[PDB]
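First, one chain by itself: the form solved without its partner chain, in structure tokens.
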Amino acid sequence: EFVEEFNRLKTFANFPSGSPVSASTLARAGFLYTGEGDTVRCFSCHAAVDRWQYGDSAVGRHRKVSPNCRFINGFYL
């Protein structure tokens, strides 16, 4: 369902174009856009991450908050 990158990238309507991390990178890192600020939420682990700066790795920050996430550990590949 949200296993498809493309469907996750559909949730990034109205995501801020100002953000230093693109919607594309985020969706590839397993995230959906919450529709509030730059807060994104993983479709698998349901954990969220916010406050993106220049140079963040979306995958890195995702591993940091949920090192045991199925997405991040390659369950869906």
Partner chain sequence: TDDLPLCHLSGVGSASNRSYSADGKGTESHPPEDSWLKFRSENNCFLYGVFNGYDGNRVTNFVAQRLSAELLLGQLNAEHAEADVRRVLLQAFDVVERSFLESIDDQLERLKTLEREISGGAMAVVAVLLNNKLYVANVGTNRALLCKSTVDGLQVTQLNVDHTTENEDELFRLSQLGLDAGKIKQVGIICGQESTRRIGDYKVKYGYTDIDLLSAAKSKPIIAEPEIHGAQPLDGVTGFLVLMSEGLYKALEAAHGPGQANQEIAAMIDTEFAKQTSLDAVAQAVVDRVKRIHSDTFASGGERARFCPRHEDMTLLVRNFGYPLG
The other form holds:
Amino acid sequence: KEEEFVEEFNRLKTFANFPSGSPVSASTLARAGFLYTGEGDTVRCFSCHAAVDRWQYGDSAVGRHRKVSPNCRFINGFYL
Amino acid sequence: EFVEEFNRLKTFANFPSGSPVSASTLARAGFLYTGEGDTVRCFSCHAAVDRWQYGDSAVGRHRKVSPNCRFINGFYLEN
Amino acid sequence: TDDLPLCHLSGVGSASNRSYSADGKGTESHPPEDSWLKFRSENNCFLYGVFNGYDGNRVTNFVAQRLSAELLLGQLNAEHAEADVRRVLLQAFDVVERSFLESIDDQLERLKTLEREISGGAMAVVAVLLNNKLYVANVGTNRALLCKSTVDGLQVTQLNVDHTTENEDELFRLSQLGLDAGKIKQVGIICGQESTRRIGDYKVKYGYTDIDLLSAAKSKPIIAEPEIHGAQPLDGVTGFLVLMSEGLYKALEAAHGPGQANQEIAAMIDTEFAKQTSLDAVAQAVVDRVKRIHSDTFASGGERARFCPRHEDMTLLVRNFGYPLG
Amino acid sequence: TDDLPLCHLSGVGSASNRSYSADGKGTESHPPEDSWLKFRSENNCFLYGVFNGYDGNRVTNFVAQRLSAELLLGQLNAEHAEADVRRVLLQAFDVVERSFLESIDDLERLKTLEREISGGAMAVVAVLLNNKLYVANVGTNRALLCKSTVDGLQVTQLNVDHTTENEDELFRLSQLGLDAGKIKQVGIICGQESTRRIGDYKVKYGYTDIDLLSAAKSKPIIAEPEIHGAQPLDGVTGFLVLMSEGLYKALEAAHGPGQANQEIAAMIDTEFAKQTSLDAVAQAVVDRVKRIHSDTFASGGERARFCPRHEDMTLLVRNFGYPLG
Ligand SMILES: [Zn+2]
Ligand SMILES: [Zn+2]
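Okay, that was the form solved without its partner chain. Show me the form deposited with its partner chain bound next.
The complete assembly is shown below, putting the previous chain first.
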């Protein structure tokens, strides 16, 4: 259900069909704990299941992440 | 304080004109205006939402962003 | 009284409802309950509106005038702030409501009338102009579109939201009131109406408690408070404003198909714009065109034929914004 | 073999580093360590690059060629998927790394040791395949795309600076077990400010022996590149810019932080209508920037104390239907 995405490598794999023309780097999104859902450019924290979309050039993965879900543990270091 | 819907609405007085979603609707959705751009935050989950576009659903976008902002799930009905 | 300066940069087209007869081209009709507004305050303030009424036109012909009194007689005419303009409308729509309710206070042919006025109502869309800033107040399912001319096409964006049971927000509002989402969204209809907000309708506004679907509710499920839309910058813009009744976009949709209706309507208004002398002509032309498309579809029936037994009143209001008429 | 067809729709400008003398007519220099790539595979595939080296050019002149081998000899030439082209680069940058490390495996001796053990380089690589643009990045070199708008010239940087000022890079180092605040505070790690780089045997294998990186379950300074999803170039009309740190670094020192990308782009625009060849366009801007630098130092005032000298400057331009004249 939701166990395979704790591992960073897997999260990355979910980006193979990510919409070309997107600003933020896939690898960076994954590092940030994000996972690609499948619709548009929407992604979700494997921790807080919060989703993030509508990226723009110059965005920070962890940045927008902290803003949207100011507590997605991963973002707060409860995962080491 | 922002638990009260009327207050949340008050924080929209200086909301940037040209925005798609109606203020009143945003508040009903539990959002409050931060002050920067068109960024708003659930008074419950403190989750923020910005970059609105025409045709957006306050509650909709909200449930997508924070699929658990209690408010959105009904754990709020003071009665 | 209700006779101030009319706008001259706005046209209107309309066609009463009509029903089709199996025999074909055969048509009928019923009392028409739709009205519009195109005034201009002496202080250079513009007020446009389109009210689609239901169950009697005793309401549409009221809110129309009464709204004007609470808006073009000062209250709005001034150098007000954005939030101020919103506050005034809010107070305006309320005065019309409370007033109207007080209005409805008057053989056995009596029970005949009662059930009428107690169930009479209307929905409305109001557009206001003040220094190239546009405001849209909305109650119901009427649409308002802004059409900017792009150097890459014609931009079309709907300024308001349809207050139906398919509205994620409207549903949630009714949920917080204590009703069931799924069930309400399922029936998709509440008291013959699909609209979740409307003016008048004494019955459901005071006796909602006696209706199985609305039984559980700390407050009125069907409210009349309008949804205002923050001022729109119209300085460098170049296009036109469209206010159309449900009956119109509803017909077009029944023939061609759901969605893609706003653009198509806009697309039509574009063409006819270069083929007319007056806006009214532009307007009427499109209403006729749509009225045609409907009848033809039913006649030359096939698949979508089973969706055009008839059509409700159709009203279209157009307010030019520097778009080439000639 | 390092001689395949070179691209003809791409120009390059460059100026070695130089140090001034408090005596006006001063101008010194040092061994130049910067390289570029502008090849074109026989199968119609484009590969451009800019490698800014540090402490020896024994690395820049390596990665340059070696990267070509693992890219222009088939591996990429084909009808591959987006994610596929990404996977090939990843594999590519890795081969160069692992290979290079094995290279560096062969008293004036300690003199050389400390050198190659600390030699390294950073790189920006751009690839073209069916009007789809790909940018692989490792370091602080910038790559900008400039589309011509009917309301101005749009400038957008395709990559991100791998410095300690990067919220993401910092976070990455944090999850490794180091302290953010402390790292961001010094702003420097082993003479370098870059958080990712090729080579540098020292920090890659002995980071554990450096007070700042002591605590780390993995390499704090990695060489993995940051790939940027294909970019649609069909209806586009402008140009691609790949420039080394030394360049945007100098222009920044004189005029001031920020607004550098636009200004450089603005310059490339003008010179574009005043030249016969791209190389000319390119060089022109490098010279112009080189000028603004010296002038600022000479006609010193306030920003004068920020131009004691300047490192190598490299600029690569790839036209996309822009009016050369
Ligand atoms: Zn999260
Ligand atoms: Zn919430």
